[PDB]
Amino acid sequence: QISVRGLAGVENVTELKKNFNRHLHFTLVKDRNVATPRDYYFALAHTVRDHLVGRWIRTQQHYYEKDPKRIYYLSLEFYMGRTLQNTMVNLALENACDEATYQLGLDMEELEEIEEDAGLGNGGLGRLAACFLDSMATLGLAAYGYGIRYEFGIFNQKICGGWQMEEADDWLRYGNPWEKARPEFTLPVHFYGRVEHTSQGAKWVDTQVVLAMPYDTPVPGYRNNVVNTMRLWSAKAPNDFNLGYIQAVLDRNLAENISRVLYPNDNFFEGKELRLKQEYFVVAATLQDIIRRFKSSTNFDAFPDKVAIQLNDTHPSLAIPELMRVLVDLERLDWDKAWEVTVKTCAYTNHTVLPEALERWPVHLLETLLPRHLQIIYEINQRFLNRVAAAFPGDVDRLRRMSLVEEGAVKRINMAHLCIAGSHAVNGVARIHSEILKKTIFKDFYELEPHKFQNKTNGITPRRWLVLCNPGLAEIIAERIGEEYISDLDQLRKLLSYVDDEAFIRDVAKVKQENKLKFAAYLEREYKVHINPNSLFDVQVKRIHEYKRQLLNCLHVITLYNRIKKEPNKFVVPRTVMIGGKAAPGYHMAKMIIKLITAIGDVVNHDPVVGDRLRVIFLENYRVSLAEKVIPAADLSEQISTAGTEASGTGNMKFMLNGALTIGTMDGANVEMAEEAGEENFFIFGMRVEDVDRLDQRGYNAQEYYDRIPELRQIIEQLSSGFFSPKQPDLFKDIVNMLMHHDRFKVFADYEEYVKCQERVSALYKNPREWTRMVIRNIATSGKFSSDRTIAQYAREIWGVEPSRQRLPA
């Protein structure tokens, strides 16, 4: 149908049909009389997977012979979403499979909808990992993602009476045709036990063993025939485990719980033992696999020339003392040489400055669980602090601030400090965030080793985030500038020369229109709710947090509502306000915010005076595959975190790429995006970082805003007095109370500027031609935010490897 989806060659189509029928018969053991749509999905998945395997085997063979430096991307999260369409897109099979399926009388698009998300992450950090794997394969890097094969990923969110309920996400129930179990490469991981000192050094003894079984998933590059591996470990008990009889067998569950479930906290540290076991399990099994591969080429001097380990946040920070343990305890290198190798191997990416996200493990946990690692940690600390003492003699406060060991009722290890001491590079994830690392929370470390600290602004894959989810937009762009921009997104810059082209303005706006009709329809089918597709689609989708200020958005929604009620007969630009995202299960406040949103929707959606001028929708179960649908359909992207709190964001980038305008604060990558498009092409408002700091220095007093802004006061009164909750008048008193007295995120301080700026958005939307021209300027300047750019910068400035666009042979 559309060109970017590749060729439907006669031969190709015939082969796909025959392979489909082969899998349906031999793999699924069905005929056409009994097959369900699910059977059909699986037959297609197996047919497509068969095209990946030869390329997978050739790529892995290529790395064996050439022996390039290998990149190991360690993460507790890989938020992959669906694999089938992505695989078609990257192998250029999309149109052929469309044709083949059509001719067997099936709708490929219906079969696509049957695949479960691989929801092995919370939000930004795990989706980033997924984008990075795509980019590493597209750039020909010898890269491996390593993580945990959780049996249950992020919970499925159901809204019941306006409250979130969590259901287990049983994503393996029907099988995963993408993974290959590799039970032959099972490795032991040790826990508990104790340290004995011999003449022969320290020995870690009387440990409990858990086995780590790896599952490999192929990661295809974009049309280059490279297929890299994502390896996820599963926990299995040893066969002599516990070994009355029955209970010993049933107790195998305690060891296998390690890989059972993803912790569903986004940007929040919970100090539970099972989480620490997860962290150690992935690090220990991964390092042994790393060392094994290196030995198949005694001489550890070359180890950092052959290996890079990237730590995605501090979650795999134990890689540092684990690598020391192996080099010192098992390979018998002396301390200083081991440390040298460790530092040159490891690099740390920080993802947040929020203090509640920082991992600080109680010493007594590490003592019981990983006694040897604790000793290595104290030793790292001592040698590190001796270096601080020598550079800053007499500065006793600096020593206490920089210690890996924090004093207190409970002693704790600061995992961020350990990552910094034990890495040759530390990066933040957007320019302002990296600056903040240098000026505030890692200032002391920056003064000791300025050379360690770098920026690598985040990006997103234009494969998933444009060609896959927005084929119509991909197509009208390709019609003008060709197809090359897909692996070279800077080429979108060529579109600035079409900003005054009537046919292009028309086509951009038509795509948006088609995307909106398609989403409006999807809302009706799967969730029985009726929207005006001529309204402005005002979207905020992301995890529910106080720092993300879904609450600021609510205040605006209520403001529009109160303006309509006051002047019912005035014209207003119609809007559909869509907010979606999951709350962490024990995050009470986040759960109250979901409930407030549904309560506003209960009042606004049923008021006959409002008509179809304003609708408030809560998008249930927000996840990667819902993002693929709602983002192409958006007009306005809400990115309204208090300046200084969103390290980067990546949602902001998805929407820029897909033809939405942005209203946001100067936070995170919003700053770079505004600089790329021009500030006049962006809806910037609110305090800057400097403003937040000024306000904190004299004290934030929310009452001042309440006293001076009558629109704001009316909103608070409505909330307090039961307007949004007639059956429980005081239902929202925690929200009000927090806003008036305990708001770390300064919702009221940004309210006036926000509402004003929202009026400018409305004014521009009345003028379709100028809106679409500003959109074109956004899309045309989104090149920088390709994760292909990000990855090339990690490769050159951290890993010391050269990216390559060369295709391997077919």
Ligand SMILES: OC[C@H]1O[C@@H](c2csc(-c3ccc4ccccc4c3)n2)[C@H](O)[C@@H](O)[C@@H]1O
Contents of the next structure:
There are 2 protein chains.
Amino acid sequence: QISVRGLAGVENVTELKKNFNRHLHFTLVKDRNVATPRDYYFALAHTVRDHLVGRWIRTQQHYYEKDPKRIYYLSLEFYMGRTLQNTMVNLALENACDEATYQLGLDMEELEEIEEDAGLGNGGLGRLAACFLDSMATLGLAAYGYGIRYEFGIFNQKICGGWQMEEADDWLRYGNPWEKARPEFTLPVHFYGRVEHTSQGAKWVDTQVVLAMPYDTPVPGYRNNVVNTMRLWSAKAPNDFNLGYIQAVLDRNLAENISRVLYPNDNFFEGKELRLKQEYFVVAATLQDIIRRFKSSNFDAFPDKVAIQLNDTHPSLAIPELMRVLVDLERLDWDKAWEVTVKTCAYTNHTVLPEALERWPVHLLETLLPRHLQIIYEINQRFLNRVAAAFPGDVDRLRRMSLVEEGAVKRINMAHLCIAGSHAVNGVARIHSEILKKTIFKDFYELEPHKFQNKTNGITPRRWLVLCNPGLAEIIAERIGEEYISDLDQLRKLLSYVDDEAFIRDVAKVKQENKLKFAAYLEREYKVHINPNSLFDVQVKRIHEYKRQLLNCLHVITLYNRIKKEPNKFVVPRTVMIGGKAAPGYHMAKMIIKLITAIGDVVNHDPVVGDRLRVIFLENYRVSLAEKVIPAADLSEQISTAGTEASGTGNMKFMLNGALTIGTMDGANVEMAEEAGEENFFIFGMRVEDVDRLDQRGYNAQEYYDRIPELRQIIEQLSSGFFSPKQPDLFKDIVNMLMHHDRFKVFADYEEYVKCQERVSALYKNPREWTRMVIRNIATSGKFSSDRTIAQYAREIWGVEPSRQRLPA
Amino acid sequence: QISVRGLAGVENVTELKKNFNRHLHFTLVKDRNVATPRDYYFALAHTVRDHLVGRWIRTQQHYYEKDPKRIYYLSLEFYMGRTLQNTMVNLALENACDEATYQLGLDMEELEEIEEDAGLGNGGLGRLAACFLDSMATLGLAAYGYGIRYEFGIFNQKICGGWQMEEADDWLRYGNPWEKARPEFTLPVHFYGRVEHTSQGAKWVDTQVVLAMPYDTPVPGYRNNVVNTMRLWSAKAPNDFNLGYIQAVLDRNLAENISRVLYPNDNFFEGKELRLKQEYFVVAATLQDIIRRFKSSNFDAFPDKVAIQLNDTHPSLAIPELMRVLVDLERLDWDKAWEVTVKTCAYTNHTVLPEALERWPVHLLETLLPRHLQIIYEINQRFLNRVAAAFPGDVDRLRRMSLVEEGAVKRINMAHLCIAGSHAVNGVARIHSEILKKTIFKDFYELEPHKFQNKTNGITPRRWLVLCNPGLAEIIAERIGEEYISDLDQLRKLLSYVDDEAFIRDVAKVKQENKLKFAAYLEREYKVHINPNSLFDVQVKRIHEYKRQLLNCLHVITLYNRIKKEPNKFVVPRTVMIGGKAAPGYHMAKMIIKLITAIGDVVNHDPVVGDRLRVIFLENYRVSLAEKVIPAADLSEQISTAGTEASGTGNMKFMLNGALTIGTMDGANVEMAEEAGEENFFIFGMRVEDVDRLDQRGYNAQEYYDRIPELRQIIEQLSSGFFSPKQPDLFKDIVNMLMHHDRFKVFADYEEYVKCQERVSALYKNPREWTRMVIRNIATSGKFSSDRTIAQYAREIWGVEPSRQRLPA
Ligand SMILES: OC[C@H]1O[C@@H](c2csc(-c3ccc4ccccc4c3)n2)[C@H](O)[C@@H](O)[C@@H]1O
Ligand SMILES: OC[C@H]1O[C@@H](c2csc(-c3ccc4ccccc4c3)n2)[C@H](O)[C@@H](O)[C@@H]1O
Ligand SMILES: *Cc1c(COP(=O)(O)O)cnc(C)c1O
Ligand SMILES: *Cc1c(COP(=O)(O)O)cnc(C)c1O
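Counterpart to the form deposited without the ligand, namely the form deposited with the ligand bound:
Next comes the full complex, and the chain you just saw is listed first.
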């Protein structure tokens, strides 16, 4: 059908159809008269997986023969989403499979919707891991993703009476055809026990053993015939475990609970034992695997052969575990072991929010990991000895830089451990990396300036353009060819088409097509009726006070009050769509969802409003819903308080897919505005410097309430029960926080946000100038490819050269 | 190689080799340089499974078109063992697969040893279910086995310091290639709740829901192209289950515990809630499946279309569940529902031991299954109304026949429920069926004589001759052809070869070959050295007081004491092998294992004994060890106290495989001796009548101790610590039971057992007369085919005609 989906040759189609019917019979044990659409999906998944296998085996063999330096990406989260379409895209099989399924009287798009998301992540950090695996395979790096195979991923969100309800994400119920169990590479992980000091050094004894069973998932590069591995560990009890009889067998579940469920907190630390167990489990099993592979090629060459990247502090125990193995088991002396650890490990920091920083109570580590605590104390002593020698007399610096925090309960600062034990520390956007050097890690920067880098985040243009927006990919490919899909900088060639009438028409047509398709999706799957000629105002991301969905709520109520004030005046019609999950224990995030649905209940049923303003809560926001709504979006809301969003990656997905951005100078918004030009971006609100000035004199929200009549009216409506008639006080906690305890200064940005939103409506009234500004955004989105990000990690941290050369098929 | 293993045609071998390499690459994602023997086993298993699929789909389609009467075999136990060799035997693929694997430089026998036993049973009852599925497929019955997919089967037995240790049987660790998950046929099962009485009848409300997910395993018939289904249910929590958040997800394990583990008690009732849950779970899910299939063809025709066979009382709740569905959900009146239930259900009783009878406390049923208890009370009232009308004034009969037992705690007699609710009640050997009518069910027999039948147990000659003893199968097939494998009565043709020198030579040669192979197996796998020219004296079966492994221990010690008394006299050398598992909580059974190993420790290290007497405890006795040891056996020990072994099936396996039997007139021993002639059987000990006479005057063990010097010496040796030097009192519980609390009268049979064992040694000294007696046993074993048993169930209980006609391939 469309060129970027590849060829449908007669031989390929015949062969796919034959293998589809072979899997339906032999694999699924079904004839055509009893097959459900789910059987058809599985037959196709098995058929496409077959094309991966040769390339996967040859790629792993190629890395054994060439023995390049190996990259180990350690994350507690991989937000993969669906695998079927992505595999077809990267193997150029999409048109052939479309043709093959069509000739069997099946619709491939209907079969694609049956696949469960692998929702093994919360949001940005988990999805960044997924984008990275894709870029590492596309750039031909010998890279392995290592994580946990959670039985239950991020919970399914149901809205019930406008409230979030959580259901278990039973994503493995029907089987996962993409994974291969490797029970033969099962490894022991130890917990509890105690330390004996012998003549021959320290001994970790009387431990409980949990087994780590690996599951391998193929990660195909973009048409380069490279297939890398994501290895996820599953917890299994040993068979002597507890071994009255019946209860001992049932108690095996205590050990297997380690890999049962993903902690659903985004940017919030919860010091739970089960979470520390998950962290050690993935680190212990992964480091044994790394060392085993290294010995099958003296530890001086280890850092020439191994890079370990830490996705935040979640796998920070990699540093003490590497020391423990090298000192206790391999009998290297401390200093040599430490040289090897630092040259091997690099640390990516993802937030400055202090509630997100991992600070593990010492009593937890003492009980669960007594040897690691000893090694952490030793690391701290030697580290503070270097601080004292560099800053003699600066006793306050010693307290601030300690890995050990004094107070009510002694805690380990896992970020301090990562900086001490890593040769490189990076933030995830330039403003974030500058804030790390100026504020939270200023002391560490003064000691070791050379360690601190920036690696601005990115997204894979395979999932986030070719896969989710084939219509846009195609009209681009018509003018500048297909090379941009693995070289996104080539999108700059589109700036020479900004005054081309045909290209303007095509860009606007694809947007309209995407909006019609998404409006229909809403009607079928959720019986809701939206005007597809309205501006699609989209804020999708986890529900958090710092992301200021509440600021968006204040704008929506302002538009409502303006319409009711002057019902017969023209306003640009908008559909305001807000979606995202709240962490189950985050009361305020749960109240914000309820406010969004309560506003919708008033706004969507007011006959005076008409189809001029619709407010929709998008339920169960996840990777597969992002692929549908982002190509449909006109306006991207990136409205975090300046200094709180380390980078963001949603911002980039929308820029790539033909939405204009309204945003603060926060995270990667700053670099996006710089790439496109400030004149092609709806920037508003306090900069970082303005927020600091407000903090010095003190944030008084009352001042804004007293001076802005439009704002006072909204707050009185919230308080009085305008939006909750049956429960007049329902939103008293929201009003109370906004007036007295707002860390994120929602009122301070209100006036400038509303005024900037008027400029958006004004430009939307002029379709041609809207579309020309969109072209200027798409054309400058190239920097925000994860291929650029990963090439920067490869050259400046890992010391390996990316390659775009094909392996032989 | 040998004819009964089928043809190895060039095309077949080429095709198997091609599909083996296809599965190794595509299914296992392995090249030949990294493949382990386990990968090779899996490649072959997938290759053979491929040949099942066409026949499985066609057979299920044939039953849909022809709509025959359906047989539902309900059991809590299916003791399947390994599937690979059995599948090859029944598809005639064994020689082709032997050839195919040989040409790839692999040994198929080495690959077969990598398969885990499906140990989803305890012993005889579980293995009888497995033999039956094989016969039902071979006789072309539209039959379904329904059970529980236990995550953990019967525990692996380790011997540590001569003591039994249990380990979890993690049989699914590496995957089960034989099963197909059918998550689309998932069904809800209800527990707890309460009963509302409406105007429109009773309503079971406020229940907890567990899901039953079925796994289908193919059951191939013998070369008839029929493949029946074994459907096993797995427990899954619903996704709203408990749905703070983390703990709700972890608590899903409470519901999934239902299918976690097989209760490891053989002939012992334990009234545990989890066990009652397993019983209801398999019954509820199975009856919904049966009714669904029936509606996809008015309940008058239900018994013309459905037979439900109950494997003991374990699924007795099928009777109240069928009533509950028919009355509460389908709105039939009581009397019609009851007519349908009785005509559908038949009950097989397997024991007379009172500790084996299921008597569920009312408080358990009241809480877990309140509606079933109401229906059971109603059944009891109507049943006792029929008893009172037939036996007016006999108030004692009313108390004895009640489904409800009065006492400390009220209990439901599940056997009484099964007799009341079933059109047929059978025992499992003629003597057992006579004992049911004379003693434990005498009152039920007088009310409904027509219900009571015999169906003498049998074994499948596929697993138990062709598969485990190919050498014997072949020398038989040389003289009388292959037809006997599905018509075992044809073995009578062997009586005309009892004086043929060549056949005598071949029978003795196969036995010798089997003994050499098993002696080597002992050396490799367990570093033990046995004389293969000794008599192989084998007692293998679960460890139980009624099976009198202790009587065998007394004989072994008697031989030891006789050798030590007269060291320089000739005795027929014996290897005494005893094997079996004790239930983990059965103290006495655990002490007996320890006595066996303690005797071995004295006997096997006495230089005066030499290789004249060896005592071996065979560790981890299970179906795959039975396939090795039974063909190696000379003497089969079937030495249960008369009246305790309902049938036995080990007895039959040994008769078929060329061992002579030493046994009591118990269970099927009686019919085996009748088939072969008493002169070709080593019968000893009390008959049932003699045991009754001993009970009337009272069993005084002291009398035997006082009158038999050889016995007194053994008891003094046990007491004094001859067999436990470090712990002189180790066996005081054994001596104490034998002297004062022996329910099974071990001393009463001692003299006759030892004398009969001398007759065995005497006949073994004459190889030609030993082998002629063996031929008389093999030649008369035809009755003990499960094909005969299942044809008798089919004609006299289920009302269907068996068929030996092939489906088209
Ligand atoms: O770099 C990828 C994205 O990371 C997000 C980010 C920062 S901390 C965090 C996170 C995610 C999951 C967590 C689970 C347990 C404890 C702490 C956690 C912190 N996620 C940041 O908030 C985004 O700005 C950024 O784009
Ligand atoms: O008919 C098959 C065989 O059944 C055996 C037999 C009788 S009761 C029983 C059994 C097995 C497992 C059980 C689990 C829980 C509660 C009671 C149970 C009873 N097994 C009998 O003991 C054997 O004689 C007979 O050959
Ligand atoms: C990209 C993505 C995110 C991250 O979005 P931000 O706006 O950067 O917070 C979260 N969830 C999903 C499903 C995503 O695809
Ligand atoms: C046949 C069999 C049994 C039953 O043997 P009995 O001697 O009748 O108790 C028990 N276990 C296994 C493994 C069997 O194969």
